[PDB]
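Given chain A, work out where chains B and C with the ligand should sit, using these hints.
As a plain string of letters, each chain reads:
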Amino acid sequence: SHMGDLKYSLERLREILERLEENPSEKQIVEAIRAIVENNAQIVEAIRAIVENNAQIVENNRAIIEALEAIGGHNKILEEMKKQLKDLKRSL
Amino acid sequence: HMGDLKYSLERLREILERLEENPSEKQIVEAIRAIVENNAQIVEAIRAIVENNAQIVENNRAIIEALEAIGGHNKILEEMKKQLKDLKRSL
Amino acid sequence: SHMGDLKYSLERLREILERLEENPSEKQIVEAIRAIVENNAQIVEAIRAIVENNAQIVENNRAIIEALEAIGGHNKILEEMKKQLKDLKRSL
Ligand SMILES: [Cl-]
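Protein chains in written order, with the entry's author numbering: chain A, 2 to 93; chain B, 3 to 93; chain C, 2 to 93.
Keep in mind that the hints were calculated from the coordinates and are not lab data.
There's no promise every hint is true.
Some chain C residues judged to face chain A by a derived CB distance under 8 angstroms, without partners named [to be verified]:
(1) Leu14
(2) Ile17
(3) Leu18
(4) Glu27
(5) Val31
(6) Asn41
(7) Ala42
(8) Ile48
(9) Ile51
(10) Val52
(11) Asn55
(12) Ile65
(13) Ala68
(14) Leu79
(15) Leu86
(16) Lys90
Restraint-style ranges between C-beta atoms, simulated for each label pair [unchecked claim]:
(17) C:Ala56 to B:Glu70: 18 to 28 angstroms
(18) C:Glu67 to B:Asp6: 31 to 41 angstroms
(19) C:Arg63 to B:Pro25: 52 to 62 angstroms
(20) C:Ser26 to A:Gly5: 29 to 39 angstroms
(21) A:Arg35 to C:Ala50: 26 to 36 angstroms
(22) C:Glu46 to A:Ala56: 21 to 31 angstroms
(23) B:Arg20 to C:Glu60: 46 to 56 angstroms
(24) C:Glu81 to A:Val52: 44 to 54 angstroms
(25) C:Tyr9 to A:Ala50: 23 to 33 angstroms
The calculated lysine-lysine pairs, modelled on DSS-like cross-linking and capped at a C-alpha distance of 30 angstroms, are [what the hints assert, rightly or not]:
(26) C:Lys8 to B:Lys84
(27) B:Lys83 to C:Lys8
(28) A:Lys8 to C:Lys8
(29) B:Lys77 to B:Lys90
(30) C:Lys77 to B:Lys84
Ideal Cβ placement from N, Cα and C applies to all residues, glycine included.
Only chain A is shown next, with the shape it has when bound in the complex:
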């Protein structure tokens, strides 16, 4: 969506640029500037979506640290049970 719109907006701008070099004009210079502005508006919208989406990076990190915490808990529990078993089997 954004990138399809982005590269189309740039190809439209590349067309204006060619006409401009073919046929320089105040009207075409201004029209080229307008197209640049509209393209920059799409670049800003694209960056905005990336930033919004980047919030998932933070929540992935938080869940990883929780997972590591739980894994560390399990490890301590597992070391107890090995001691219990060996002790208790050595028992009998």
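Positioned in the frame of chain A, the structure of chains B and C with the ligand alone reads:
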């Protein structure tokens, strides 16, 4: 950056209006200057994103480690069920 | 690579702008516009790589969810083992 980014383009949209209203060599050049300054902010925003994206790779590494540990715990648990089952059957 | 190219491209554009304000001319205005287009084309390529790269955020999330699922499976097993042992040691 985002607030600065969208403000920078709003400023740019104003110049564009004046440009189409009263074209002028001065205003064309001033519009070009504003575009450059806007592009300089776009590049800075992309730079912060790339820097920030390094966290994606470290999240992946930690995930892989977590999966390794979980697989380790798994093999331990299946042996433990064996000893318990066998020990209870012992008696 | 991308961002190294990005800041060079804007450095090139900043110098054109300097010459433009020093010696305005149709040729230099058009040349400035061309440089802007080429810079925008690089901005778009950089965003494209970021979006491609951001797919890793989704795969990290899926793997975390799996890891959490497994941890919850282990947790229930451990509580079963906890009771087996205690009752089996109280047993005798
Ligand atoms: Cl991530």
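Cβ distance range 52 to 62 angstroms for C:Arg63 and B:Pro25, holds or violated: holds, 54 angstroms
Interface hint status, C:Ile48 versus chain A (Cβ within 8 angstroms): holds, 5 angstroms
When the least beta-carbon distance from C:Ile51 to chain A is tested against 8 angstroms, hint result: This hint holds: C:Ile51 lies near chain A, its Cβ roughly 6 angstroms from the closest one there, short of 8 angstroms.
Interface hint status, C:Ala42 versus chain A (Cβ within 8 angstroms): holds, 6 angstroms
Evaluation of the interface hint that places C:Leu18 against chain A, nearest CB under 8 angstroms: violated, 14 angstroms
Cβ distance range 46 to 56 angstroms for B:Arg20 and C:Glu60, holds or violated: holds, 48 angstroms
Chain A contact restraint on C:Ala68 - CB to CB distance below 8 angstroms: holds, 5 angstroms
Whether the CB-CB distance between C:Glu81 and A:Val52 falls inside 44 to 54 angstroms: Given a distance of about 46 angstroms, which is inside 44 to 54 angstroms, the answer is holds.
Distance restraint hint 26 to 36 angstroms, applied to the beta-carbon atoms of A:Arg35 and C:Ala50: Check passed, 28 angstroms falls within 26 to 36 angstroms.
Proposed interface contact between C:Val31 and chain A, which counts if any beta carbon pair is under 8 angstroms: holds, 6 angstroms
Satisfaction of the C:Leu14 interface hint, Cβ to chain A closer than 8 angstroms: Check failed: Cβ of C:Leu14 comes no nearer than 12 angstroms to chain A, outside 8 angstroms.
Pairwise beta carbon distance, C:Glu46 to A:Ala56, judged against the given window 21 to 31 angstroms: Since C:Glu46 and A:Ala56 have Cβ atoms about 24 angstroms apart, the given range 21 to 31 angstroms holds.
Violated hints, listed in ascending order, are 1, 2, 3, 26, 27; each of the other numbered hints is respected by the structure.
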